[PDB]
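One structure is given below, encoded as structure tokens.
Shown here: the complex without one of its protein chains, the others still in place.
Each chain gets a letter, A, B, C and D, in the order it is written, and its residues are counted from 1.
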């Protein structure tokens, strides 16, 4: 995504002021086309009122501009954007926590599957390759950034995520439904086959591996759930009527009428509404928070970088069960072997952050 | 339901604008009958004011139209729709997560119940058939889309979800209460009977199966809970008084009075209120979000497709414990057997999504 | 409670319109006495203004009616009802999920406590009778609907929930505090006594039973917590001042003044305020949502039917560990023994609900 | 706290009306001193305007009173009280659920630690005494009601929560940080020492005890977390500026100006503002909800009664592992030994609460 966490660590003077100058993933990149439509529809109405209309027709238009200005109220639109965006953002973070990480299975496979030989090394690599394949097959079904990377099953085989003997089995299992559950069943049968040859010692270690598989299966079941059960379409169509009804009234009610007749509220002619345009960046920009996060697996600048994460999870999983299985650093006494009060040193810029120990608020 | 997740992946120009043109499951299909009642009651009042009423009676009506326009305020109605719909939508997603999925039991039954013979294959099919039957009997009690598919117990037997010898036992258990708990007790006794014949090796594998049964029993207990304990009727009757009190005031307060008397606020006669009708699509359409989601197991276009999901869960469960029990693809070295840095390839349209690795915000 | 889930399954025309006509548990049964107080205090003021007051006193009253009409504003009252009712309803559903269900213990006791003889059958009935007694003793402490059914310990013994030999032990345990924890300790010692005679095979099955006891103990600890720690009284007294301050201003500010003096806002005399009474059904009815749900174990029409649920949990628990212990239907091949694509049939009214399988949004 | 759950069980007429008459823990006991400051500052301004000021100075004051009345608006203050109190109340209930209860450890220690002799009885009393001591040492650090009961370690020894041989060990462990974690480490080593002498049979029962210890350790870690990480001080200082800015404007803007000049809005002189004082009970009373719950372990009338709960948890824990270890009532056939349909009897006042069994909404 767009990470600006380093910029906003402290509350300086230009903390949020400098974030308005950024372009990538900003409000300006989203509202670029909607602004020029709103400018062009605004000044077309103003040039008709200032050049084209006759005197009897300008009086007819000024009664229309005072009628539209009454319904152009800001308060009830801010309600329905507030409860809708709070629904989208709560669904947004819940889909990030549903993205499966191999690291809980990675710890147990790398220690409880014995064997330093060729067959035991091959057994640990195949277990973790199924756990990655059970995650690639659910991300390519829900993320357009992954589906363009893997458009077919042949692209999965060419990437090494599925050997060609597995694809021959994967096609013979004739099922019309989605097949993301299949590598998470091959994980269960290979782990039990590992137990029956003595690669796992006890049943408690086998059940501990199978419990972390079903955690990863429930993670993939949530991503299938948020993708299939969208936000209700009637509740998306409400909040986009109310935003477009507000901006329809502001095309007519926020014109600059002729001050020589001196209507109440239009005493000054300024040729460009500064504060009406700033409400367009406010209200339409707070709708673009909903348009960008309603599917966080697309190709926006703030959607999830899932193509990166597949490349991370493949490299890390095949490194911890292959190059780190029973390969430990040599045990040695640390620096605090005889010191019961360890005091790690401070640098110069951090030495004012030495706080006394918090004993409790009652002291 | 109605899935539009593919349309709203990116934040383009016509992202939410194109969703207003869709018909199925939209605001127009719900508000079709309420709109024509509101049009017919509106213009009946206008034709009486413009044709039927005398001059002394029009003056009596104009004082009524200015009285009703004061109570036709929009702000406090938007409060009580906001907190009510946020209750319905939070209950809406919590009932989707209560729909039981067999896949956690499906992994453990397909690996820990040994036997490739006829009796062991028959034992795994009967365990998963009880877990599906314990879900069909709770969905036909809470979903009108399932009850019309299975109106009696005889339809369950004809669908193969219950053998006729089981229905003879299911009727002899004389109980006045709902009997969805019975197949989840038959699962427990058959799994212990499987252990005593040596089909399950250790007690830890038996307890791991029985823990995933009680998870599925707690899933069925929530669907029984949301169906029995509705949203409070006094709290549904409040939010439908406040919407109908608003539209009652807008039938009289939003008339176009005679501009020749020039009341403040009614200076223009336009013969059709454009912005009053757009508030009808806003407020009554944001009540139809509550009317459609208050029971998401009915037959609306956005209620849950549970008839599909029974057909999925029956086909997948009897495929993973029958055709996939100890039927593995042949183990083979993958492409990254000697490469400690796996780099899966990118397509042409995805090659700009190569990001450097996120090391942390402090770097 | 009042279940109307069958009525609101679909979004028809008269979906929420027909719910206003229902009486039981409605807004009309709650606001019956408060409405007649508000009518009688309203028209008493109006008859004094129209018959009793002199001309100099009516002028003094009209300045009071314009003063009270300024403070009779609707917006800030709707805030504090919104956040207060959202607190009550979140506490309301959290107390339903704290009501203990025996069904998770019922599965494990009915399969892991061996013995088809007289002593083993008596052992399973006593385990489940303690789990029901540990729930009756916490419901009679928190629910007035249960305490009127069981006013003393003698009513518990006459209902068969406690044998007279257990009450002799239950009184000798001299403790001033509440004794709902005692049957959940007798469950632990009887389950360990069952293990030492060989009725439970392994320690893993014993710990699986004891884990589901402590789940039920934590359920009873929440019901003790919500009953002892109420909503703060200062926060209940705020929201009932603001509702009564609003209705105090509407008794004077919403009078119909004399239109012959033509005050701004009171141009019409109508003898009965229609929209002021509809705000009484709105605001006072949205306070009755809080008055009814602040203790959902009382005797309102929408409080929890806990007297029913004790009769269910006693009949079901003593049926699954007695008549269903190792009493299985005969294993038999189902209809889909040779069909790898099960297609359960559809009825006539459900045949349009055949959907193609959802493969994912990217397809 | 103040428990009024018995009063508000039903929705009668005077349900919330009678709660305004209560004194203890009410809005009147909190706002007693702030009201007399607000009365004395109000009528001091009024007596200066009515007696002290000259004619040219009263005209200068009336322009100030109309200026302050414009900023005395109620709507934006109600926002920031609503989101702040909803933060406090969500943190309030989360600290009650963090208060550790011994009852989950109490079940497992009372059954799995064998021995009816003197040493086995002494072993169970010492395990539960560490679990109470690990809770007293965290409550005296976070609760001022407990710290005044136990000001030093010597008061803990005199209360019998720590034997003098344990305090000699508790002081030799030289650590500057808070030492609430020490009795939860002594519990782990004594439970393993119990296993190695044969007092606990299997490792599964030992791990089941140690899992319920770490649950209680995570409960004490939350109370340390809510006490150390307060609500942000900048977010407390915002909501108390906005309340005091509102009441500063109401000291001048809500004066009764002279009606002989007849300003718009001040047409009547009434000598005491009734509705301005009722907004003081509303807004300042809804700030006292935040002032009382921001530390629920203090000595307010609605803070948590934790001194009571230590006396409960000490008496109950040493009663269930001492007088109830393997002391069971005699097993006997209950009343429903031969009746498969148990029907417990109803009293006279409860016989109308016989409901038919809820089969599901689709029936």
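Just so we're on the same page, a contact is a pair of C-beta atoms (placed from the backbone, for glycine too) under 8 Å apart; a residue touches a chain by one contact, two chains touch by 3 or more.
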item: Omitted chain's touching partners, listed by label; value: A, B, C, D
item: Chain not shown: contacting residue from D:311, D:332 or D:341; value: D:311
item: Hidden partner chain, touching residue among D:230, D:347 or D:357; value: D:230
item: Chain C residues that touch the omitted chain in the full complex; value: 140-144, 146-147, 174, 176-178, 224, 227-228, 295
item: Those residues of chain A which, in the complete complex, touch the missing chain; value: 1-6, 8-11, 13, 15-17, 19-20, 22, 25-27, 30, 74-75, 77-79, 81-82, 85-86, 89, 92-93, 96-97, 101, 103-104, 106-108, 110-112, 201-205, 207-208, 212, 265, 267-268, 270, 275, 278-279, 281-282, 285-286, 288-289, 292-293, 302, 304, 312, 315-316, 319-320, 323-336, 340-347, 349-350, 353, 355, 357-358, 361-362
item: Chain D, residues in touch with the chain not shown (by the definition above); value: 3, 5-6, 9, 30, 33-34, 63-64, 66-68, 70-71, 73, 75-76, 79-80, 82-83, 86-87, 122-123, 125-126, 129, 142, 144-145, 148-149, 151, 155, 158-161, 163, 165-166, 168-169, 173, 175-177, 181-182, 184-186, 188-193, 203-204, 206-207, 210-211, 213-214, 217-218, 221, 225, 227-230, 232-238, 240-242, 245, 248-249, 287-288, 291-292, 294-295, 297-300, 303, 305, 307-308, 310-312, 314-315, 318-319, 323
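Basically, only the chains that are shown with their structure count from here on.
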item: Interface copy of B-D among C-D, A-C or B-C, judged by whether over half of the contact pairs recur; value: A-C
item: Separation of mean Cα positions, chain D and chain A [Å, integer]; value: 37
item: Interchain centroid distance [CA atoms averaged], chain A/chain B, Å; value: 23
item: Multi-partner residues of chain A (each touching 2 or more other chains); value: 144, 176-177, 227-228, 295
item: Pairwise touch network: line, ring, star, complete, or other; value: complete
item: Chain-chain contacts as defined at top; value: A-B, A-C, A-D, B-C, B-D, C-D
